[PDB]
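Below, in structure tokens: the form deposited in one PDB entry, a single chain.
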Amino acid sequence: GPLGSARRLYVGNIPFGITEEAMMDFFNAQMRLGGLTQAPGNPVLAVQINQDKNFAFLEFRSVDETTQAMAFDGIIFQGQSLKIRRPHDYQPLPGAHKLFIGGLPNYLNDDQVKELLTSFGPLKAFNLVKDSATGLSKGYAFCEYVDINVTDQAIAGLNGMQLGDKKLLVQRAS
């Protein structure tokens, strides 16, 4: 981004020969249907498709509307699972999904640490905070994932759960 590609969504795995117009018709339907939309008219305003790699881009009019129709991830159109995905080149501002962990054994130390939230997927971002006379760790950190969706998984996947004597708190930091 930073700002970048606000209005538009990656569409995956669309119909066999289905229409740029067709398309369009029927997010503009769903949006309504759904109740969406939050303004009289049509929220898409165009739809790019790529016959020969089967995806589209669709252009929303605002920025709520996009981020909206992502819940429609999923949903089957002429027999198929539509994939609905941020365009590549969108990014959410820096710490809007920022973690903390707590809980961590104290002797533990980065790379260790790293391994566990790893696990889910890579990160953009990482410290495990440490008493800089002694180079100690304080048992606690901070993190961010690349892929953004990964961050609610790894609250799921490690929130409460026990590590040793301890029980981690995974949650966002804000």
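Residue numbers count along the first chain shown, from 1. C-alpha atoms forming the largest set that superposes within 1.5 Å between two forms make up the rigid core. What changes on going to the form deposited in another entry:
Of the residues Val129, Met70, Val63, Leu33, just one CA atom moves 2 angstroms or more between these two forms under rigid-core superposition; it belongs to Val129.
After superposing the rigid core, the C-alpha of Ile14 moves by less than 2 Å between these two forms.
Core-aligned CA deviation for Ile49 between these two forms: less than 2 Å.
Once you line up the core between these two forms, the Cα of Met23 stays within less than 2 Å of where it was.
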Given for the second form:
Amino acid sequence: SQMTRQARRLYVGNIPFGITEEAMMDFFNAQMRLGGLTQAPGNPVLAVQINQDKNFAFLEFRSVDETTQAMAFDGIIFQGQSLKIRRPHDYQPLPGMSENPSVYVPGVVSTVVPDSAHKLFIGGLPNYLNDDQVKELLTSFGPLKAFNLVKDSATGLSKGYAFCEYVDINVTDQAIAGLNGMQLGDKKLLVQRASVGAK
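Form deposited in another entry, following the form deposited in one PDB entry:
A lone chain is what you will see next.
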């Protein structure tokens, strides 16, 4: 249906270099099924359009409700990268239909890290570390509620700093103690609440 198309599409950012539309479709169709999010036989994702130059994709789903459920995959790791899943900017919630996902996907860590009391900044990361490896560094201290590694939009290369929020706010000081000042060749990690050094 044409009226619901805006409510059946999602933006996916930070996609792996060189990924094909078929590989992305298969990934999401499988994850939807394995996660218990798919609501009928057959594929929930109908199509994927990739903008290779600009590093983003749009997924199109067969139903409004499956599209909403797929928002729960925000931050899922695909080929080392934390996929950013968002509504299209022109999306308008429909009457009587839900706007937010209802099913949690175990192990998936959101990419939305709002400014808050215990949001952490991690600066000085080696630029060869992908999203997955930086997530593992941080998860050593405890489970994350949210995380984003900052990249150069034109090249896709890590800018060497990230933000995060732990599930347990009390882990924040443990990560600071374990990581702040750590020396890595020419780099020295700065790990502190992001409010301390925000511009």
